[PDB]
Structures are given as C-alpha cells and as structure tokens.
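To begin, one chain is listed below as structure tokens, in the form deposited without thymidine-5'-phosphate.
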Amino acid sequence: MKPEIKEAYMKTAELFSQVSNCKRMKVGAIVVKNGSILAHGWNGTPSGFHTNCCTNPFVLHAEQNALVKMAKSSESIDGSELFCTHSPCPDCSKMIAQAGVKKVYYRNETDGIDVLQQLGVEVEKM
C-alpha cells in the first residue's frame, strides 16, 4: 500500500485510542484487509459493564475488541493486518498469531513483539 495510506490507518487507530476511558493507557486498533478497514477497537470495559473506569481485570485491550468484532463479522481475520497505537501484550500476541494476522504495525513500543515474530507474523514500527 502507498506510504500515506499506511499513515492514514495509524492515525485512525489513534482517533479511536482517544475514545477510550483508561487513564493509564489509551490504545486503538484497526483491522485492514484487501484495501478495506474491517474492524476497530479500543481499550476499556465491556458494553453494559457498570464502572466505566479501567488496572481492572475486566477491561479488554484494543486488539481484543477488534478481534471480537471480527468474530461477529462475516469477513475472515485471516490474511489481514493490524494497525495498533501500541505494541501488543503477550495475550493479544498469541491470538493475533493464531488468527492468521499477516502483519502488525505499531506506533508506540516487548515480549509480545518477539513472539509474533517467532510465530511468523511480520512487525513494523511507524
């Protein structure tokens, strides 16, 4: 994909990180496949949870949200790419790799990273 489009994806993930409500870290994620956004996600508590403030074991990471949206989508996550504001944790990394995510782009930085690479997911900081 051309350079300026790559950046538009990352900035979108950034747009969505700011929707989140966590004071510790705001994270956004975007799934892209075949020239199309398929899912977005940010970090926080599940829809219909009581407390909005996050750190709480029941808040989902941005990548978890995107992934769950893909599970309710009709479109496969396999072969897609993940644009995230942050490098993913080890728990998101396992799932991303098993999901057939081709590559992860992150803006902000580390175990998650080397495991993704071990497992054949490509990684690029931008």
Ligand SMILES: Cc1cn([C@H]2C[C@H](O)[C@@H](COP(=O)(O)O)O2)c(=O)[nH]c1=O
Given for the second form:
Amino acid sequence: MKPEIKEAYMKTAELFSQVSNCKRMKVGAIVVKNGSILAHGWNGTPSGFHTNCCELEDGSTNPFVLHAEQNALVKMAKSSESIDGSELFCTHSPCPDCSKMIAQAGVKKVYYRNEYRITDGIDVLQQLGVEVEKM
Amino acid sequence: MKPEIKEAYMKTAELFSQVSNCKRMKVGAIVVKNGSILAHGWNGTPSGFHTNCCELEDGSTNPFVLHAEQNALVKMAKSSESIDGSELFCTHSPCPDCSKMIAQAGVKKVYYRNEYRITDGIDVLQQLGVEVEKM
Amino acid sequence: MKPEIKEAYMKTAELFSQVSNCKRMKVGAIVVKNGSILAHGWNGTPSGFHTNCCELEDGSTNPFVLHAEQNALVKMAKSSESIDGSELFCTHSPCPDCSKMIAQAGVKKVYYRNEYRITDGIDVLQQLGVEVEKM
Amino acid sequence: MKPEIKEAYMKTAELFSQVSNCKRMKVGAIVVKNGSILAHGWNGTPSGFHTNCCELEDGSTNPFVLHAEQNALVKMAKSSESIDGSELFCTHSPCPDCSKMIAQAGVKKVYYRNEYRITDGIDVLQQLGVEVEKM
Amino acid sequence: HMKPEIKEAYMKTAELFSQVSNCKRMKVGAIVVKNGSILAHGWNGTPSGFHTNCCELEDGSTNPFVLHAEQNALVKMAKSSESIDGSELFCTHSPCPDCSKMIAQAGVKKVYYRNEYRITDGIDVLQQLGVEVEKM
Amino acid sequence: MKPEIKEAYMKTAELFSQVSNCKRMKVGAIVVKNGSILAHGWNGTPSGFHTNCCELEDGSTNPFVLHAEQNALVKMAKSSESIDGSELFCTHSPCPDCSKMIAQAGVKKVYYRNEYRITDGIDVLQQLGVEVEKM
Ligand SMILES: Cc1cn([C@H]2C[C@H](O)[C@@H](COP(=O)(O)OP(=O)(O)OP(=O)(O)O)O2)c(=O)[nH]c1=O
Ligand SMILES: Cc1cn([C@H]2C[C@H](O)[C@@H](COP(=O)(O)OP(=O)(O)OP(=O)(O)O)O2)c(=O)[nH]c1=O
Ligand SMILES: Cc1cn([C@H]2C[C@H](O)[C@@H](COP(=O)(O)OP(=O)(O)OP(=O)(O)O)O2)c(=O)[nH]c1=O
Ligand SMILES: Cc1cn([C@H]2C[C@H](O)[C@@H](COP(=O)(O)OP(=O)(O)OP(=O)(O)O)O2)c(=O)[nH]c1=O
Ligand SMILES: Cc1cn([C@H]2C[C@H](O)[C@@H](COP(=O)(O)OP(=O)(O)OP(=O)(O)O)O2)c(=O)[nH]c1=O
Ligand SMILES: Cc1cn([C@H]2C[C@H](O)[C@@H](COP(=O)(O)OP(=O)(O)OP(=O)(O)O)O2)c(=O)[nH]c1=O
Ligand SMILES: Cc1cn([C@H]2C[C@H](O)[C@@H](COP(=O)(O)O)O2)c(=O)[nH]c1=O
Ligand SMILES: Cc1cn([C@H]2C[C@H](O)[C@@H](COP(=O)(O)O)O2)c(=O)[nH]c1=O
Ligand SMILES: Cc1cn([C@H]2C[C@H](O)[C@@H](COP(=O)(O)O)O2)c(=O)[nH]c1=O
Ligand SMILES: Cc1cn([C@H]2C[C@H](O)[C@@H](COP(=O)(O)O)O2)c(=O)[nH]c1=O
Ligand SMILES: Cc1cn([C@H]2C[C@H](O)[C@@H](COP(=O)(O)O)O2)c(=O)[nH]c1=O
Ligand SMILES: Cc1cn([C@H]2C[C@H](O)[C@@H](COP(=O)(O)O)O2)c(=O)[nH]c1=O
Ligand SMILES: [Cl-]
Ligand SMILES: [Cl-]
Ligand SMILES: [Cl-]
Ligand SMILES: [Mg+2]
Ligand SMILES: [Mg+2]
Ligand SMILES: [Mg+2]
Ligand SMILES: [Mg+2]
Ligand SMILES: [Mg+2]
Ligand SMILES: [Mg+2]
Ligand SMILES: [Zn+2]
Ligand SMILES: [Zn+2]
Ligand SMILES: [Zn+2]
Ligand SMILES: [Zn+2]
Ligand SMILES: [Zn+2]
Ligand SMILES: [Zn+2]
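Can you return the structure of this protein in the form solved in complex with thymidine-5'-phosphate rather than the form deposited without thymidine-5'-phosphate?
Next comes the full complex, this chain leading.
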C-alpha cells in the first residue's frame, strides 16, 4: 500500500475510464486484491447492446447504461476470484445505489480521485463500514 | 433440467424468501449452476446494519434495503466461482435495475413464480438476451 | 449461523430427497459452505443407467444405487470447490461407510432430521470428531 | 498415453501403496488429469485416528479403514479440481462400492496392475461405461 | 482481435507498473491478462527481502540476482491461485529467450510489447513456439 | 514431515526423471504442499516442439530444453493452486537461475538427492531463504 503503488492503480482506473465511450462523464472503477487487478469497469451500455452511445437525443443518459461500479462488481460475479476484502479505485465518488452493493460486497476501502456533483455516495459508504480515501 | 428438479429449485427460492425480515414483500433469489446453488439471496438491510427491519413508518421500504437479486448478485462477487452461464430462480419477477446487471452478468435464464406489479424487468431481460420462464 | 437459515438448509435437503425415484426410502444430503449449497445429492442409480428404478424385481435395493451421501461426496469430487470446512444436511443419518468418508472429507458438522433404524453411522461420526446435531 | 509416462504413474501408485501401514494388502491409487497428479491415495485409518495400524487383534481389517480408491476420491473432494474426465491408476482392481463412485465421478479409464481376488469391481466399472486396462 | 483502445489501455498499464521497477538502467513491466482481468503485474528488480532494491552493480551492469519483469509475472502467477494458461501478456519490452521459453510453456496465447529490445532473439523463441507476437 | 512419505516424494521425482528423453542427464522436480503433489516436471523440449530429443548432434544441450525446475514452476503457473509455502523435491540441486525463481515463489524448502557439477544453485537457495536438505 505504497503511495507509488496506489498512484499506479488510480492511474489505471483513469486510463480504463477513457474507454467509457460516454460523453457526459467518463467513469472508471477497478477492483484490487492481493497484488492483482481483478476487474476493471467503466460506464457504458450493456454487452451486445444495439448501441455503445450512452446518451439519448436530448443528450441525457440512456437509462440502460451501467455505472463503473456496477460493471466492476458484475464482472467480479462473472470472475472466479472473490471481491471480499479487496479495495476499489474509482475515478469518481460512487453512486449511493452502487455504494450500497459495494459495502455489502465486503469491500474494505474505496479510493476516489474526483468528487461527483452529488456526494451522498461517500456518505453511504461510510455509514455501511467502508473506509474512504481521496487522492 | 427436468421439471421435478426445476420445481425443487423454485421451492428452494421460496424457502429462503421466508427468512427475510421485510413484511411488505418476501422475495428470494437463487443462483443455480452445474447442480449447485452458488448463492441464495433474500431482500433485506445490509450486513452489520443497525436494524433488520426493512420498513419505514409510512409502510415504506427503507431506501437502504437490498433486493433479493442485488444480494444474490453481490454474494457471487463475494465468493469464488462464476455467476456466468448460470440460471436464476426468483420468487418474484425482477425489477428493471437488477435485470440490467443480471444480463451483464451473463445469466442464461430467469425462472420466476410470481409476476410483480409492474413487469418491465421481464421485458428488459429478454430484450438483453436473457431467456425468461414463468412457473 | 441462524436457526431459520439452518431450518432452510434442512428443508432444502428434504426438497431434493423427493426428487429421488427410489421407492424404498428417499434420502437427501446437501453440502453447505459460506452460504453456498455446493452439492445436493439424493439416492438413485448411476448416471446413464438403464433404469432410474432403485429396486430389483424382488423389491430389494439394486446394488448399483448410490447413497445420497455418496452422491453429495462424488459431486464435490466433480466440483472445482472444496468440501473441506463444509457442513452437511441430511434427511437421514448416514451409514458407517459414508460417515467414514464424511469425516475424512473434513466435514465439520452433520445435521440430520430422521434417525435411521441402525444408528452406527452417527457413532462413527462422533468417533472421528465430527459434530452431530439432530433437528 | 505415451508408454513411459504411463509406467511412471503406475509405479507411483506402487510407490504410495508402500507407505500404507496395512499388512493384509497395500493398495495405492493416483488420479491423473491433463498430465497432472491431482490425488494420490492409499489404504489406512482416517486422519488423526488413534492408530495407523489397519489390522485388528486377530489379523482382520478394521471396518474404519479407507480403501485407496476411497481416499483418492475424498482427497478429490477436498481438492479444488474436478475428478470428472480423469484417469485413475490403482495397484489393485477396485471393489464394487468404490467402482460405483468412480463411475459417478466421471473417471474416463482405470489402470490397474494386480487383479484382486474378487473381480466384480471391474465388472461394475465396465457396465457403467468406464474403460479399463491391466498393465 | 482486441479492441484498439483497450489493447492500448493494457499496454499503458504495463508502462505504469514499469515505473515502480526501481531499476535505473531500464525499467521493464509485464502484465498478465486473462478474461478482462489483470492477474499479475510484474516488473524487474531484486528478489523479495534482498539486501538492496538497487538493481545495478558498481559498474552500471545489472545485478545477476535481479529478476526480469517476465520472471516476476510468472512467479506471481505461480503463487497466485489462478492459472496463467490461455492468457495473454503485455510487456513494455520484448522478453528474453529464457523467459520466452517459460512464457510459451506456460500456455500464454499472445504477447504484446511496445519497445523492441537490442536483441530480437527473444521474439524468435516466442514465434517458433507458437505464441503470437504483436508490436504496438 | 514423516520419513516414509518424504522418501516416497523423492522416489516420485526419480520416476519422473526417468521419462526424460535426454541422454545427457535425467532430472525431475516435485512440488508438495499440504501433503499433496501439485506439480511434476522433468527436463525436456517445450510442448508441441518438433522434436522431443534434448540434445544436439554436437552432443551438447539444446537451448530450448527447460530444466526440470522451470517445468515444475511453469506447471504451477498453469495450475490453479499456489506454490508459496510448499516444498520442492528434486533429483538434482537446481541451477542458480531456477533457484532465484524458486525463492521468489516462496518455496519453504528444497529436498535434493544428487549435487550437480556446479553447486552454486544450493548456495543461492540458502542465501534467499529457502531451506535445503540433502537426502
Ligand atoms: C470488456 C469490458 C466491458 N465493460 C463494460 C463496458 C460496457 O458498459 C459493457 C460492454 O460494452 P461493449 O464493450 O461495447 O461490449 P460489446 O460486446 O457490445 O462489444 P461491442 O459494443 O464493440 O460490440 O461492459 C467493463 O466494464 N469492463 C470490461 O472489461
Ligand atoms: C446470509 C445471507 C444474507 N443475505 C443478505 C440479507 C440481508 O439483506 C443482508 C444482511 O442480512 P443480516 O442477515 O441480518 O446479517 P447481519 O450480518 O446483519 O447479522 P445481523 O443483522 O443479525 O446483525 O444479507 C442474503 O441475501 N443471503 C444470505 O444467505
Ligand atoms: C442431477 C443430480 C443427480 N444426482 C444423482 C442421483 C442419481 O443417483 C444420479 C443419477 O441420476 P439420474 O438423474 O436420474 O440422471 P440420468 O442422466 O441417469 O437421468 P436420465 O437418463 O433420465 O437423463 O445422480 C444427485 O445426487 N444430485 C443431483 O443434483
Ligand atoms: C496425506 C495422505 C493421507 N491419505 C490417507 C491415508 C490414511 O488412511 C489417511 C491418514 O493418513 P495418516 O495421515 O498418515 O494419518 P494421520 O493423518 O493421523 O497422521 P498420523 O497418523 O501420522 O498422525 O489418509 C491418503 O490417502 N493420501 C495422502 O496423501
Ligand atoms: C509487489 C510486487 C513485487 N514485484 C517484484 C519486484 C521486485 O523485484 C520483487 C520484490 O520487490 P520488493 O518490492 O522491493 O519487496 P520487498 O519485500 O523486498 O519490500 P522492500 O524491498 O521494500 O523491503 O518482486 C513484482 O514484480 N510485482 C509486484 O506487485
Ligand atoms: C506432461 C508433463 C510435461 N512436462 C514437460 C516436459 C517437457 O519438457 C515438456 C514437453 O513434453 P512433451 O512430453 O514431449 O509433450 P508434448 O506436448 O510435446 O507431446 P509430444 O509427445 O508430441 O512431444 O513438458 C513436465 O515437465 N511435466 C509434465 O507432467
Ligand atoms: C455517479 C456516477 C455516474 N456515472 C456515469 C453514468 C452516466 O453515463 C455518467 C453521466 O452522469 P449522469 O448521467 O448521472 O448525469 O455518469 C457512473 O458511471 N458512475 C457513477 O457513480
Ligand atoms: C421489485 C422488487 C422488490 N424487492 C423487494 C424490495 C423490498 O424489500 C420489497 C418491497 O418493495 P417495494 O417497496 O418496491 O414494494 O420488495 C425485491 O427484492 N425484488 C424486486 O424485484
Ligand atoms: C443407509 C442409506 C440408505 N439409502 C437408501 C438406499 C436405497 O435408496 C434405500 C434402501 O435402503 P435399504 O435397502 O438399506 O433399506 O435407502 C440412502 O440413500 N442413504 C443411506 O445412508
Ligand atoms: C478390496 C480393497 C481392499 N483394500 C484394502 C482394505 C484393507 O486395507 C486391505 C485388506 O482388504 P480385505 O481385508 O478387505 O481383504 O486391502 C483397498 O485398499 N482397496 C480395495 O479395493
Ligand atoms: C532483456 C530484459 C531485461 N530486463 C531488465 C534487466 C535489468 O533490470 C534491465 C537491464 O537489462 P540488461 O542489464 O540485461 O541489459 O532490464 C527485463 O526485465 N526483461 C528483459 O527481457
Ligand atoms: C542444471 C540443470 C540441468 N538440467 C538438464 C538440462 C539438460 O536437460 C541436461 C543437461 O544439462 P547441461 O546441458 O546444462 O549440463 O540437464 C536440469 O533439468 N536441471 C538443472 O538444474
Ligand atoms: Cl466470483
Ligand atoms: Cl473438487
Ligand atoms: Cl497458479
Ligand atoms: Mg457494446
Ligand atoms: Mg442485518
Ligand atoms: Mg438416471
Ligand atoms: Mg493416522
Ligand atoms: Mg525488495
Ligand atoms: Mg514434446
Ligand atoms: Zn453508481
Ligand atoms: Zn431489483
Ligand atoms: Zn451411506
Ligand atoms: Zn474399494
Ligand atoms: Zn527475461
Ligand atoms: Zn535450472
């Protein structure tokens, strides 16, 4: 948990966030455990969806899209390693709904760089016993 | 998947719905794969939460409670082995939100007994490719 | 870890015993660990056998049939999951030979509902340091 | 397959049959899959049993002892790999009971050196679609 | 067959973890990717607990005890409880012949590398042993 | 660890050294952990390599040939179990190169029978933590 190591991880989240394909906001989220990146998620439409555009015609977000934290945890369910006891490097502070599942997933600590508009997500993670660090 | 085994799976879903401490609705969700129940999830408040009562007064559901699908999905993240290519036995038809993550998790089919008030998740499921059976 | 969840597992064991085609006695046994039902076995003929019938033409039990415990054990052998540390829910008390293999399997505890005429299997379990509870 | 690799596995069985303490008969059984020894078992008392001697005070076999094939299967259960689609190398042809479970496990083929007194184990193995080879 | 923006994202991840190498003659990184997950990030350096994390001797040449990024990547996979078989590799620098041997036997499908090393002969071993190679 | 079983592990390494197609020397390596053989490797050309002959016409060794230790190491990377905390049984003492990787892998101890021409490999193991016993 060396400051040089943690920076490389947060920079990895930022770098996978640049795949997002969304134009509103590009969000990334990786799962880190035992020196391994078990899942990297970013915001976008479901797999095999008829479009990878995240926006509607009024430029608002397609309700079908999944958050970064959503995709990361869903991917973990698809993987064969556990998410429990792992850490989470987000480019943005997570959504309150996502924070609910992140805590229930037994994630010990969530790292976020940028603060989203709304900040109740951080507040949910803390109530549910998950340590938070801004970097 | 003989139909006497399919029933046993579905009744197992109902058994674990009965241990839920929500009184608006008791919902259970089962993950089945290779002759194994990898996760049994029921609706309720997060782990270590101060109260295990899922209601507010108003008869309203506490915004912090997790769906039976959310829990089953999260436990699949929590543990090893994969939710991918598995089948889901629910007591009630799942909501739009969970049906998004279910499809992204590569769940082949969703088995549900009761149809909820609104049935958009059912039509969200087969629109994202997940097969759907009512029993 | 909870009495109602405990009662759910045992009632799941009874659900699967009813799937058995056997006429003499329908036995079920499931493998539980970390909230996951890793194996659920019931008595019957081996896979692909010419009959799913468990009895010969004189009413006695076919020597090719497997116990519920044998199947619960064998599926763990077919699994990519470990039976070591698991607990066992059976509708009946396992036979001396199954018990012999159950202890060697590293099963912490055996739950059982119906006491079987001849109870040496229980005795074998206690002897080999396996916790046993009737319910 | 290659001939000299085949002999290596079989004499490994004879090698581990020799670490058994039983005097009546020393049996060894190795499970092989994808060119890997996933389990090696021999006959003896359960783990942590008070004595490692397998004989009664009259030369008979303690009904508590495990067959080499039994330990090989139980070990596979504790293992985190599948015995399904594997090959088994025994020093002696297995008994009917183990033969039942061997077939149910999904064992492709059984290699054996010595042919036991009673040969109805090979019978059982063959009827259940398990190929057999003496070497 | 990998989407170009993701393929780029992994290769840059290898470059990020190569910056932790502590070696000063050349910083090497190696990523193990299977099923969209990064199972191992390895970089060149001394072994665990070694008296120095300094990779070089008094003359500017590499300490023989220094492990390659590819060695660390595969050793990690060995200690790791997942398989390296059927996975692909992201290297900042093309692997050496000795490592390429182990890489091939490890059942690695493909090797992406960004920097061509002075000596090609590592890539030769990869290609001849049926492991795909792509420079980017 | 028991003497009867420690020798069985060593002889197992020798059985697998005998399947090497190298006429220059025949080496074998066994990984043992929690009383189980996890990997077995010997010296030879890579898999699917056009020839299985380890030597050139000059008589010297083909540089494509892996040591018995690289094979045991790689097979462990291919494996789904962990090499860290295990013991390594070798027919001959490993080279310094393989010794570095052995040490980094967290191998507790290395049993060996024959010392190689060069004995530098042992010294490297000693220095890097790995315990060494000649047997
Ligand atoms: C591959 C991958 C996808 N995702 C997310 C991003 C998207 O929301 C969703 C998949 O997006 P889409 O990648 O674009 O996947 P696809 O199968 O539809 O491929 P294409 O659109 O090019 O035909 O899953 C991750 O979070 N992590 C990953 O590693
Ligand atoms: C054990 C278990 C929990 N859950 C869910 C239900 C709840 O929403 C959530 C937490 O349940 P809580 O069971 O009540 O567990 P707890 O750790 O909070 O213990 P207690 O509340 O008594 O102090 O976990 C499942 O969905 N399936 C399961 O098998
Ligand atoms: C599926 C399943 C089978 N078994 C056991 C019970 C039986 O003894 C054995 C084989 O059962 P049979 O289910 O009836 O399987 P089958 O393929 O032979 O049936 P069919 O020919 O009609 O397709 O497997 C379990 O113990 N648990 C399980 O979940
Ligand atoms: C370790 C091991 C044991 N067994 C079996 C053989 C025995 O019947 C049983 C127990 O082996 P023994 O281990 O040697 O008995 P133990 O566990 O009580 O140890 P000790 O007697 O020295 O106190 O497990 C195998 O079949 N394969 C193995 O690799
Ligand atoms: C942690 C880690 C180490 N390594 C390698 C790099 C090094 O060569 C080797 C050990 O590195 P050292 O990180 O420096 O670890 P250490 O236990 O010696 O701690 P310190 O030196 O600070 O006292 O393992 C990787 O390849 N990937 C990783 O994630
Ligand atoms: C199966 C196996 C192979 N190996 C190594 C030894 C060799 O160096 C390498 C390749 O062996 P090759 O046995 O000869 O196997 P192959 O896939 O090349 O088949 P073929 O007969 O056509 O050549 O694998 C081990 O170290 N341990 C093992 O258990
Ligand atoms: C808040 C939040 C937003 N996002 C993405 C989803 C949308 O495509 C993008 C634009 O934000 P908005 O649509 O919520 O205004 O934000 C995440 O991926 N994770 C989050 O936690
Ligand atoms: C719609 C839906 C509700 N539930 C739970 C949420 C609450 O625990 C309970 C009451 O829901 P309601 O408040 O939306 O009526 O139903 C599920 O578990 N799955 C579902 O799909
Ligand atoms: C003793 C025992 C019997 N059985 C089954 C075997 C047959 O299906 C049925 C008949 O047994 P019986 O012939 O010994 O009475 O009981 C089990 O499934 N598990 C057991 O432990
Ligand atoms: C038949 C058989 C016996 N054995 C063991 C049981 C005792 O350890 C020893 C003597 O068997 P017996 O006393 O049944 O003749 O042989 C096996 O390990 N595998 C077998 O298949
Ligand atoms: C060739 C090669 C070198 N390296 C490291 C060894 C030293 O750390 C550094 C200098 O290489 P050199 O000393 O072999 O020229 O590069 C790798 O990590 N992987 C490789 O494939
Ligand atoms: C030194 C060493 C050689 N070998 C093999 C390499 C060749 O197969 C054979 C000849 O070694 P050499 O050619 O390096 O003297 O011995 C090992 O398997 N392990 C070792 O540690
Ligand atoms: Cl998982
Ligand atoms: Cl298993
Ligand atoms: Cl591994
Ligand atoms: Mg897409
Ligand atoms: Mg609670
Ligand atoms: Mg049948
Ligand atoms: Mg003992
Ligand atoms: Mg260091
Ligand atoms: Mg070959
Ligand atoms: Zn969110
Ligand atoms: Zn829902
Ligand atoms: Zn029985
Ligand atoms: Zn037997
Ligand atoms: Zn190298
Ligand atoms: Zn070597």
